[PDB]
Amino acid sequence: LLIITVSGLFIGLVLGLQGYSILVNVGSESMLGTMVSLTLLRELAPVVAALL
Amino acid sequence: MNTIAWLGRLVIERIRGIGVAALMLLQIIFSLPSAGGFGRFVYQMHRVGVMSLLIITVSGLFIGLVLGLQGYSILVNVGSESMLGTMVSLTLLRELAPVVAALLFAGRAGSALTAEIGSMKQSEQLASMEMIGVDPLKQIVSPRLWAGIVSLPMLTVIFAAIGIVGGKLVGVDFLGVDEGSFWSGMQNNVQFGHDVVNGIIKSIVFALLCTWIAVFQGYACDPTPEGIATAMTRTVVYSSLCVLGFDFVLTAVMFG
Amino acid sequence: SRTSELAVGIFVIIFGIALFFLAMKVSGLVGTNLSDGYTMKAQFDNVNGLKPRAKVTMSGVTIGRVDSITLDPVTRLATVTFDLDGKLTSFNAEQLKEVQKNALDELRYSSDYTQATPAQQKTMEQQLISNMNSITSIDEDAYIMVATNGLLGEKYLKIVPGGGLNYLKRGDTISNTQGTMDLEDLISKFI
Amino acid sequence: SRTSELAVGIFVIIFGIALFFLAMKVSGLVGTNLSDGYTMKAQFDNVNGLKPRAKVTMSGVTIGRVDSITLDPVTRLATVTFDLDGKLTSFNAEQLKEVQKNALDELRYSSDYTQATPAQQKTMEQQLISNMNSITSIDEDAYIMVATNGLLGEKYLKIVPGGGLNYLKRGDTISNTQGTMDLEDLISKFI
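Residue numbers (the entry's author numbering), protein chains in the order written: chain D, 53 to 104; chain A, 1 to 256; chain I, 3 to 193; chain J, 3 to 193.
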């Protein structure tokens with residue numbers, strides 16, 4: 053249990069850090085909450101949870 | 001009441017245990033290895049690196065196939081399919097190829113440095129070596145540690161190379177993206193001396209803390225084959241806490 | 003020393019339980035839900051894209067949230083029930099009389115005190131307790147309209163003050179209102 | 003034994019909270035559902051880029067969703083099936099009688115009184131019971147069209163009210179529809 057919290061805390065801190073700074077240039081800082089959710093939920097939380 | 005002082009003071013033999021591993025670490029590198037060291041050093045590369053090679057290609061091929069698959073479909077709606085090549089490169093190179101390369105390496109070879117030394121502790125393989133007279137800190141530690149340092153930046157470049165070339169295969173062969181805007185999206189935004197070089201300097205200190213723990217926690221462990229697995233997690237736990245704990249200082253010193 | 007070491011480690015780890023709840027505040031399920039607020043409401047005819055817990059701004063600085071949205075089906079009116087702040091939206095003790103005598107400079111003015119009963123003082127007396135509580139920083143004439151933030155996705159509420167002499171109460175209804183428009187206003191006037 | 007009864011019982015504590023986080027603070031099924039919600043349908047021409055479970059609005063309030071989008075080759079069209087709300091779209095009994103005799107005020111509307119029947123109760127008493135039959139706030143000749151939440155976003159149904167004095171029933175079909183408009187059409191809008 054003590055492991056996956058820290059690597060859980062990490063990847064969200066990164067994925068919402070870098071895509072926004074390119075995305076803010078057009079019109080979208082409100083779709084920040086979507087891209088963090090829909091890539092963790094349907095893509096990484098199955099995969100990267102097992103490899104730890 | 002005695003549990004909270006049993007859970008108390010548990011840091012102290014751990015911080016005294018960590019203070020031992022520092023005192024071990026100087027004693028390995030501050031001596032000149034003899035003849036016959038390079039021959040085992042090659043075999044450790046044959047053991048650690050060459051065996052680790054078949055894994056990181058497949059997980060290298062995977063993550064590029066995913067990251068260029070899903071962000072584009074939201075990004076195509078405004079004006080940008082040409083910045084697909086930038087977002088795949090600059091998140092693999094400065095963010096994931098340091099981090100996710102180690103967690104597969106701490107998985108395979110972060111264990112097989114412990115259990116190979118948890119081998120020689122249970123059958124007194126270690127103790128017989130001292131008794132005949134060698135020093136395993138010169139014999140079975142130093143060619144293991146020097147392969148662990150070298151072979152990880154030798155892989156994480158290999159990882160991200162198929163990592164980018166993987167995402168090309170979904171783009172131009174299935175999503176029909178323009179090839180020229182793909183690469184020249186990268187060549188304008190990805191400098192060499194600030195990204196790929198500083199993706200290596202992350203991967204060296206991600207290789208040292210991952211492999212030095214995995215040597216020490218297999219050496220100073222009690223030979224009980226139950227606790228050989230509790231010592232096994234403390235390789236992985238203390239690696240993954242520190243390979244993630246020292247991304248956040250390394251991201252801040254490079255940029256921001 | 004045994005005792006020393008023990009106690010030390012104890013408090014040390016304990017902290018981790020202490021900072022846990024300060025880390026639990028940022029989860030949004032406990033802690034930091036607005037203090038010392040109150041409630042107003044208004045009436046619209048178009049609330050396009052407005053969701054609950056959107057922002058309310060005075061001139062570019064946020065002052066509350068929007069909590070309850072309804073439509074009145076009998077004459078097709080929208081009605082928002084939102085909560086402001088009570089620290090950045092109200093006068094304190096000194097600022098009351100410092101503007102109540104500026105209100106009485108408007109209340110007992112040459113244009114108003116001369117036209118009403120100019121031999122009384124009750125209208126100057128009744129205005130002080132009535133403006134003591136149930137009072138805002140929003141003028142009695144001030145319009146609220148749905149602006150468009152994010153310039154592509156949003157609609158935080160904008161409260162524009164100005165003019166007037168008196169203010170509005172702590173629970174009343176802002177009557178000067180302006181519902182939002184859409185891209186179909188942006189095309190129809192353009193065509 | 004005693005630690006094991008603790009250290010996995012505390013594990014099912016945390017997993018229940020992190021499921022509660024996803025259900026009741028993230029995803030749509032956090033209660034999104036109105037009372038006796040009935041369904042209607044309508045036909046369109048352009049339903050371009052419209053997913054099921056979209057929003058429906060009347061004045062920007064979320065009154066319902068879109069259920070199914072079918073085509074019919076019998077007449078080359080697209081017929082949208084959607085469920086509205088039953089409370090925000092149907093008048094209450096008090097609001098019913100408020101408009102029912104006002105529909106009798108509309109019926110007996112001067113000439114409207116001696117035009118169908120002033121000598122019979124078919125134009126007088128039947129419209130009273132026709133006022134009650136599963137009534138809607140949607141009038142007899144309102145028009146529905148596909149808007150977009152901003153000029154870069156999703157697609158959702160808004161319904162333009164106004165006009166007419168009679169209403170429609172549950173399960174009817176709204177007339178006067180017009181579909182979505184895009185970049186391939188705005189050229190046709192100007193020239």
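Quick caveat, the hints were computed from the structure, so don't treat them as lab data. Wrong hints could be hidden among the right ones.
[Said to hold, decoys possible] Here are the simulated distance ranges between beta carbons:
1) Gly-30/I <-> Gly-39/J: 38 to 44 Å
2) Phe-248/A <-> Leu-167/I: 55 to 61 Å
3) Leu-53/D <-> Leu-54/A: 30 to 36 Å
4) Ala-21/A <-> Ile-16/J: 50 to 56 Å
5) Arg-78/I <-> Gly-39/J: 49 to 55 Å
6) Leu-175/A <-> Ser-190/I: 53 to 59 Å
[Stated by the list, open to error] In silico BS3-like pairs for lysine-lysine, Cα to Cα no more than 25 Å straight-line:
7) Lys-160/I <-> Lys-160/J
8) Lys-53/I <-> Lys-124/J
9) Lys-89/J <-> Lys-191/I
10) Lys-191/I <-> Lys-124/J
11) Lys-53/I <-> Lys-103/J
12) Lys-191/I <-> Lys-103/I
13) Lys-99/J <-> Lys-53/I
14) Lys-27/I <-> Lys-43/I
[Said to hold, decoys possible] A short, non-exhaustive set of chain A residues, derived as facing chain D with CB atoms under 10 Å:
15) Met-45
16) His-46
17) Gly-49
18) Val-50
19) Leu-67
20) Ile-74
21) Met-83
22) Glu-95
23) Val-99
24) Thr-230
25) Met-232
26) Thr-233
27) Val-237
28) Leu-244
29) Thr-251
30) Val-253
By construction, the Cβ of each residue, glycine as well, lies at the ideal position given by its N, Cα and C atoms.
Right, here's what the structure says about each hint:
{"no.": "1", "hint": "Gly-30/I <-> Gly-39/J: 38 to 44 Å", "in the structure": "violated (30 Å)"}
{"no.": "2", "hint": "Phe-248/A <-> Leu-167/I: 55 to 61 Å", "in the structure": "holds (56 Å)"}
{"no.": "3", "hint": "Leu-53/D <-> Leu-54/A: 30 to 36 Å", "in the structure": "holds (31 Å)"}
{"no.": "4", "hint": "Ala-21/A <-> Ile-16/J: 50 to 56 Å", "in the structure": "violated (32 Å)"}
{"no.": "5", "hint": "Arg-78/I <-> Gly-39/J: 49 to 55 Å", "in the structure": "violated (20 Å)"}
{"no.": "6", "hint": "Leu-175/A <-> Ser-190/I: 53 to 59 Å", "in the structure": "violated (38 Å)"}
{"no.": "7", "hint": "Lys-160/I <-> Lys-160/J", "in the structure": "holds (24 Å)"}
{"no.": "8", "hint": "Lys-53/I <-> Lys-124/J", "in the structure": "violated (46 Å)"}
{"no.": "9", "hint": "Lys-89/J <-> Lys-191/I", "in the structure": "violated (36 Å)"}
{"no.": "10", "hint": "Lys-191/I <-> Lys-124/J", "in the structure": "violated (46 Å)"}
{"no.": "11", "hint": "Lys-53/I <-> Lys-103/J", "in the structure": "violated (36 Å)"}
{"no.": "12", "hint": "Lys-191/I <-> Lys-103/I", "in the structure": "violated (47 Å)"}
{"no.": "13", "hint": "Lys-99/J <-> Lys-53/I", "in the structure": "violated (33 Å)"}
{"no.": "14", "hint": "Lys-27/I <-> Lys-43/I", "in the structure": "violated (29 Å)"}
{"no.": "15", "hint": "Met-45", "in the structure": "violated (24 Å)"}
{"no.": "16", "hint": "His-46", "in the structure": "violated (25 Å)"}
{"no.": "17", "hint": "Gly-49", "in the structure": "violated (20 Å)"}
{"no.": "18", "hint": "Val-50", "in the structure": "violated (21 Å)"}
{"no.": "19", "hint": "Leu-67", "in the structure": "holds (8 Å)"}
{"no.": "20", "hint": "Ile-74", "in the structure": "holds (7 Å)"}
{"no.": "21", "hint": "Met-83", "in the structure": "holds (7 Å)"}
{"no.": "22", "hint": "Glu-95", "in the structure": "holds (6 Å)"}
{"no.": "23", "hint": "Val-99", "in the structure": "holds (8 Å)"}
{"no.": "24", "hint": "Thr-230", "in the structure": "violated (13 Å)"}
{"no.": "25", "hint": "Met-232", "in the structure": "violated (13 Å)"}
{"no.": "26", "hint": "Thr-233", "in the structure": "holds (8 Å)"}
{"no.": "27", "hint": "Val-237", "in the structure": "holds (6 Å)"}
{"no.": "28", "hint": "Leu-244", "in the structure": "holds (5 Å)"}
{"no.": "29", "hint": "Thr-251", "in the structure": "holds (8 Å)"}
{"no.": "30", "hint": "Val-253", "in the structure": "violated (16 Å)"}
Of the hints listed earlier, those the structure fails to meet are numbers 1, 4, 5, 6, 8, 9, 10, 11, 12, 13, 14, 15, 16, 17, 18, 24, 25 and 30, in rising order.
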